[PDB]
Amino acid sequence: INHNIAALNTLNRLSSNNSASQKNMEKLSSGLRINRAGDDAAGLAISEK
Amino acid sequence: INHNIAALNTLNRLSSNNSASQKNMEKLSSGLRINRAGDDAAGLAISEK
Amino acid sequence: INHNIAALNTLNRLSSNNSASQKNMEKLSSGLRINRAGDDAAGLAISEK
Amino acid sequence: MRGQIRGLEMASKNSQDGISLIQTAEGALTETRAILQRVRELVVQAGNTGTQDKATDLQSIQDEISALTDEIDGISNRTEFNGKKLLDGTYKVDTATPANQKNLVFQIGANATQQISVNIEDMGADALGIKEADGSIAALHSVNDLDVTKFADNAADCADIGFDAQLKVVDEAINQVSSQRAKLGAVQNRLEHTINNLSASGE
Amino acid sequence: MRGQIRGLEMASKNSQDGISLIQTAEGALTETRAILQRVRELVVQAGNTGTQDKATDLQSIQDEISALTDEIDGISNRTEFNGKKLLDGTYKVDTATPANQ
Amino acid sequence: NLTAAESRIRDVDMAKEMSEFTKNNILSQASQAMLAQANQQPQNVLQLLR
Amino acid sequence: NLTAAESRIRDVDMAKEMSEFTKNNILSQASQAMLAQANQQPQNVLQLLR
Amino acid sequence: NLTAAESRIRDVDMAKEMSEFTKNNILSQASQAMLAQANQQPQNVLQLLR
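Quick mapping for you: the protein sequence lines, in order, are chains Z, L, E, P, X, F, C and R. Per the deposited numbering: the first sequence ends with 51, consecutive numbering throughout. Per the deposited numbering: the second sequence ends with 51, consecutive numbering throughout. Per the deposited numbering: the third sequence ends with 51, consecutive numbering throughout. Per the deposited numbering: the fourth sequence ends with 254, consecutive numbering throughout. Per the deposited numbering: the fifth sequence ends with 152, consecutive numbering throughout. Per the deposited numbering: the sixth sequence ends with 304, consecutive numbering throughout. Per the deposited numbering: the seventh sequence ends with 304, consecutive numbering throughout. Per the deposited numbering: the eighth sequence ends with 304, consecutive numbering throughout.
The hints are simulated quantities; they were obtained by calculation from the structure and are not laboratory data. Please note that a few of the clues may not be correct.
Below are the DSSO-like pairs computed for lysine-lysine, each with C-alpha atoms no more than 30 Å apart in a straight line [stated by the list, open to error]: (1) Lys-219(P) x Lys-182(P); (2) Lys-270(R) x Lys-270(F); (3) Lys-182(P) x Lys-153(P); (4) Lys-64(X) x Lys-270(R); (5) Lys-51(L) x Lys-277(C); (6) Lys-105(P) x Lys-219(P); (7) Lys-277(C) x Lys-270(R); (8) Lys-51(Z) x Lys-25(Z); (9) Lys-64(P) x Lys-25(Z); (10) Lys-25(L) x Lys-64(X); (11) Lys-136(P) x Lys-153(P).
One chain only, chain Z, in its complex shape:
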């Protein structure tokens, strides 16, 4: 049962939480929720205008 442990939902949720925390800092250090066009593409375009 140890050639391939089943505790990879562990690691995937870990990379997800860390990804989220990264994004959080990217917003907070800049002070934006649109720091990147994938955050909000529509609202980005609007905000541009």
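Given chain Z, work out where chains L, E, P, X, F, C and R should sit, using these hints.
Positioned in the frame of chain Z, the structure of chains L, E, P, X, F, C and R alone reads:
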């Protein structure tokens, strides 16, 4: 009495406990009791809505 | 994940904020928004005239 | 199984790599957008200084604007991700000849066809695009502003030396950049979504 | 007896395998659900911006939405468990012709 | 309020779930110890043969 | 007024976003603890072998 | 961005790699235990000779 030992309720309860512990981590690392639709299908649908 | 951390948007936004604060002082200590020709080149030329 | 597993994780790496390419292009277009903002400001100010200030001062404004153009080309041509000069017209969205689109295929999944297409174009001549930009209009407005003297010549009742036309076409270039950035944001959202499915399936 | 025993354990393996197939499909549909959530948000926002913003901006929202669609198809068609493309309409619940389900 | 209901469906009470994690583990460890005891009977069978 | 709308699109409410930062971190720490528990089962498997 | 790509090629995810370290070790320990069991058959062969 040893061609086939009777200690397989042992192993089945073992795989069950380990299964449970796995599920426990799947909930805790994510922070959900609905991490998977088999946890709660009904409540999943509701929660969706 | 630590040979090269991903927290460089942090530092870049930091250098940007500090750059901005510097520019702010450069304006306030002098009392100008055209203290430097990169602030406003067009308005600089006009103001000259 | 193993074939598709390791191929799948590799495909997810490939996807993240595509995202970071988009990050580079997106940053270039962010800065381009800041430039175009400054340009529009100078166009408005030029608009009132069709009365207030002379062709000398309008020429100074043109000096700044022309410099900003030259920077837009500089972004379009210096911008490279591992040497990949993208913003150039090589990867135009839809040429007249579909064979010459040079569409961008990111591999996304492990198997055949599990991939996408991407395109991009911005440069000096990124003003209002019919199929080409246009002739005397819709190309210079990004490249060479009319803010030399021609606003002192006439108001907005010409469409080739008119102020309204000017401001319009600048705003349209902005809308093309904004559109491009918007698309790219959507695309990297798509990619991330997929990467969740790729990692999941891999587990 | 032995026949049914080893056949039974094999059947249990087969069942777990079916579960993991469901895990793949379920993850694809999870992500699809996230997409559709974003879509609905854009629909509501579009709803107020029937007043606030123009057909240009609505067109930007359409750009995002259309991209999200293209991703839904991308999920439906890239999603494969050992090559098994499931979300496609091949395995429709109930065709008009039960033979083609 | 909807956030609260959402969470009550979705969010696990990680205190209780931690206790369940603890429990399931120790049941596994105990179970294994019971295997280690289970598989020692045959060797005294051998002692009858040997 | 346009500044307000701009900000509502652009400016993040850093209070809520701070809370999300807190949350995502603690979920990461917890997740890691769950890994540290996950990877201890095989060694009691070894205890069955040893 | 290039730093990110660089790292994705170069930087190992030391979480997963730690788990692989764990795994490979316990496989080694188990393997050795299997050697310690393997090399005990010949001595019961001797018991047939002796």
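Quick rundown of the hints versus the structure:
1. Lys-219(P) x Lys-182(P): holds (18 Å)
2. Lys-270(R) x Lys-270(F): Satisfied, since the Cα-Cα distance of roughly 28 Å is no more than 30 Å.
3. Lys-182(P) x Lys-153(P): With Cα atoms ~17 Å apart, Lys-182(P) and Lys-153(P) stay inside 30 Å; holds.
4. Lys-64(X) x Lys-270(R): Holds. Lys-64(X) to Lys-270(R) sits at ~27 Å (cutoff 30 Å).
5. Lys-51(L) x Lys-277(C): Distance ~24 Å between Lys-51(L) and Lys-277(C) Cα, so the pair holds.
6. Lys-105(P) x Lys-219(P): Since the Cα atoms of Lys-105(P) and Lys-219(P) sit roughly 23 Å apart, the hinted pair holds (cutoff 30 Å).
7. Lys-277(C) x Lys-270(R): holds (23 Å)
8. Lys-51(Z) x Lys-25(Z): holds (25 Å)
9. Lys-64(P) x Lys-25(Z): It holds: about 19 Å lies between the C-alpha atoms, which stays within 30 Å.
10. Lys-25(L) x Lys-64(X): holds (19 Å)
11. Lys-136(P) x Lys-153(P): holds (13 Å)
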